[PDB]
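We have chain A; now place chains B, C, D, E, F and G onto it with these hints.
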Amino acid sequence: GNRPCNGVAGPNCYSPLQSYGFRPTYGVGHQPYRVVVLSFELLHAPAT
Amino acid sequence: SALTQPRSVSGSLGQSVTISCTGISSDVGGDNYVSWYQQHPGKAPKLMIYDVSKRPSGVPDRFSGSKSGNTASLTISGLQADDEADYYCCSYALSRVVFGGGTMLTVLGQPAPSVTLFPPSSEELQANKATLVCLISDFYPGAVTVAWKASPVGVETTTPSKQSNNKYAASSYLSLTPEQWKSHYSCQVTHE
Amino acid sequence: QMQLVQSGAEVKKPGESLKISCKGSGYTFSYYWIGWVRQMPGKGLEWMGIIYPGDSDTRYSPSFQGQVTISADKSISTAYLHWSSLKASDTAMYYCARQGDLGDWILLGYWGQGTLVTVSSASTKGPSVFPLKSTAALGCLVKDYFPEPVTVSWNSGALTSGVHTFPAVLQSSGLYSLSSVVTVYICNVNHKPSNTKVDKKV
Amino acid sequence: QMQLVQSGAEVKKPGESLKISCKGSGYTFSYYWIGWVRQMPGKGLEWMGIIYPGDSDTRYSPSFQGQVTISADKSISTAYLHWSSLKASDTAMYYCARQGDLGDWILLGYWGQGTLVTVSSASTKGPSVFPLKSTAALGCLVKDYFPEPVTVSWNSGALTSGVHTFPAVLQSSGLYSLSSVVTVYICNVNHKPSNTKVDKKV
Amino acid sequence: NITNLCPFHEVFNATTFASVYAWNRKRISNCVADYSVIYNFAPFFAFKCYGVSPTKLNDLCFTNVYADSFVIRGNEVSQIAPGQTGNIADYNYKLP
Amino acid sequence: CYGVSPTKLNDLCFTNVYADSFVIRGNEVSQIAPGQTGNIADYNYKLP
Amino acid sequence: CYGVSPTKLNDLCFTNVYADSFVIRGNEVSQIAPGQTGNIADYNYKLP
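Residue numbers (my numbering), protein chains in the order written: chain A, 94 to 141; chain B, 1420 to 1611; chain C, 461 to 662; chain D, 461 to 662; chain E, 8 to 103; chain F, 32 to 79; chain G, 32 to 79.
The hints are all genuine.
Heads up, simulated DSBU-like pairs for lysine-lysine below, C-alpha to C-alpha not over 30 Å straight-line:
| hint | chain 1 | residue 1 | chain 2 | residue 2 |
| --- | --- | --- | --- | --- |
| 1 | B | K1462 | C | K479 |
| 2 | C | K657 | C | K483 |
| 3 | C | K472 | B | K1465 |
| 4 | D | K657 | D | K472 |
| 5 | C | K652 | C | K547 |
| 6 | G | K77 | C | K534 |
| 7 | C | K661 | B | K1586 |
| 8 | C | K661 | B | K1548 |
| 9 | E | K63 | E | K33 |
| 10 | C | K593 | C | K661 |
| 11 | D | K534 | C | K483 |
| 12 | C | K593 | B | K1568 |
| 13 | B | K1601 | C | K593 |
| 14 | B | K1462 | C | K652 |
| 15 | C | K660 | B | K1586 |
| 16 | D | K661 | D | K593 |
| 17 | E | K33 | B | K1486 |
| 18 | D | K652 | D | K473 |
Hints are computed from structural coordinates only; laboratory data are not their basis.
Looking at chain A on its own, in the form it has when it is part of the complex:
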């Protein structure tokens, strides 16, 4: 909101980090999924 905020929550400002309510009883779509991004840079650069 337009009103300034402080270290505590307010009607127009909340914490930007929300927690995941991961539960094993949820169907496909709400279960946790691990993601591994293998970034590759293949070019004429010296390969290691």
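Just chains B, C, D, E, F and G now, kept in the frame of chain A:
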């Protein structure tokens, strides 16, 4: 949305009466997501009407209903003694079951209350107490006046009662001291 | 026949976090949605939530998302209720319900007998029993008790016919009083909430 | 309340392929990883593997990939341990563990009571009981027994106060010897590995 | 200048869906379509889109949007798609 | 895999490979991809 | 039928088609089907 119902309704034995139910939502798949439940005083609610066009097994066929827009109604034919109970309509279209404000169905019937008196025991007198008990029963109407004679007379009473014998009852406890009890009483009952 | 008997009534102080259970039988308690319905004395029903027996998927009403949690045990076909930070206004009658093959998954087909939960800070005062010109019938008097659901019997339960119990009366001092009569004897009062059993003879 | 118990102790010869089971209750045995921990007498804990009861997914320690297999039954919430080609170095105390709600999935939250497993070729030699200036106290003597878990009671467990049991002593002939005393009587020695109960009066 | 939040309920939060041969169609118009609240109403097994971006959707306008609701078997989920064939695609519901 | 084959990967070279590990919800697995938008794609992790 | 329409069967091509003939009781005819259970479906003839 919230369901609304008339808090009190009246009827008579052998006649017919209808109970309205408004505030019912509607979802995809039809508007038949209306159900009714009957809850006797001091007992659990019983499923009497669900899928209003249909009825459960064992439920008497005298119960029926119909849909009209966002308002449903419960029709009962041939009111009897066992029909005097509470009724709640329920809607389950939005994957959430909500109930109305409850209904109280009353029926007329044959009305002279019975009056009994019991003096306090000696064990109460030894405990510096004196409770005079006057019981009232066998009256059909839900109203009864309780009093005591010393001049007209702490004393408390309760109007509602159980309906095991198809009749209502009442009780009153004149709480006095043994000195005031031995210093003299008569139970005064007034009924329509 | 199918049975959905719940646990007995309980009376605790605010903040003890009591637990209520229900034992079901007569059907496969693995695929039928089971839940609980709250009702305060003198008002309508209030649905809290439901739970699936196969997998613990729970669906709570917006007014009961954190006020009560529902759990179940498929191995013994028993559901459970748990609360946190009980308030004085949390005392109400709780009715359980199951899906049933009558209607849809949300339609409540069968109901239990109900379990009364009493929450108060009156320290659960114990009752007092006293006996009562009719002889013809005899009776006894129960006074000085805060919890309302009191049980009264005659001759240790041997006399059931012709026995009548009048409703309780609330005195001005904040205590209730009831009286039970028998058609003509020892009157037995078993106050389960206060765990006080007093025997009296007319 | 959540409870976790294992099977009773066993003693077999090398190569009989005994089986140990575990029974749990009080929670959904479909979402918590359950496993086992090996502990040989004199050394620390050695984890063997875990299993998720929700499916057939299993994990084992690199040092226990083929030495021991772990299985579970979700329909009865029972886990099992199986061995093949037992050896003298397989005798150890096995403790079961579950995930729990304390930490991550791999962290062991709760533990069982333990199951003693002894692998030897002594064929479970039967024990011998003998009774034992005191004025006062009395006692008894147990000799010629190979198995370690030997229990001794007094008057079928009726005497508990003043009862003391001294540790066993291994004789030079390869057999152990223990002694139990009672402060002052029949001493009851129950050899569970061989189901031999001997009653002796002092 | 419309601020009435679109009733994305009554379809995903509906109690009972319609049959396959009697699939219900609900007219949706005169609203602001916030598709971000759909992802949290119920889990999703498949969210395939044809011609429209599944994510670049809250910044578009539509003349009329119709939500078709029906329940099919798990082995025939690959049949509800443009150009597919099958029992449902021929006798129950066919996408152009 | 973008630009590379998931199978023909043991016969190539790379300059530097960086593995990014994070857990997301099941319904937002389609958001971790080049050009995609959403809560995770805008405020948590964005692929070029 | 499952997977194949009863009408299109007279025109579709198949590599191999097998026919199994057996006699069961009238009250257990609903047991021979994919996913069903019973005595015949578990110990006599099981469909995937």
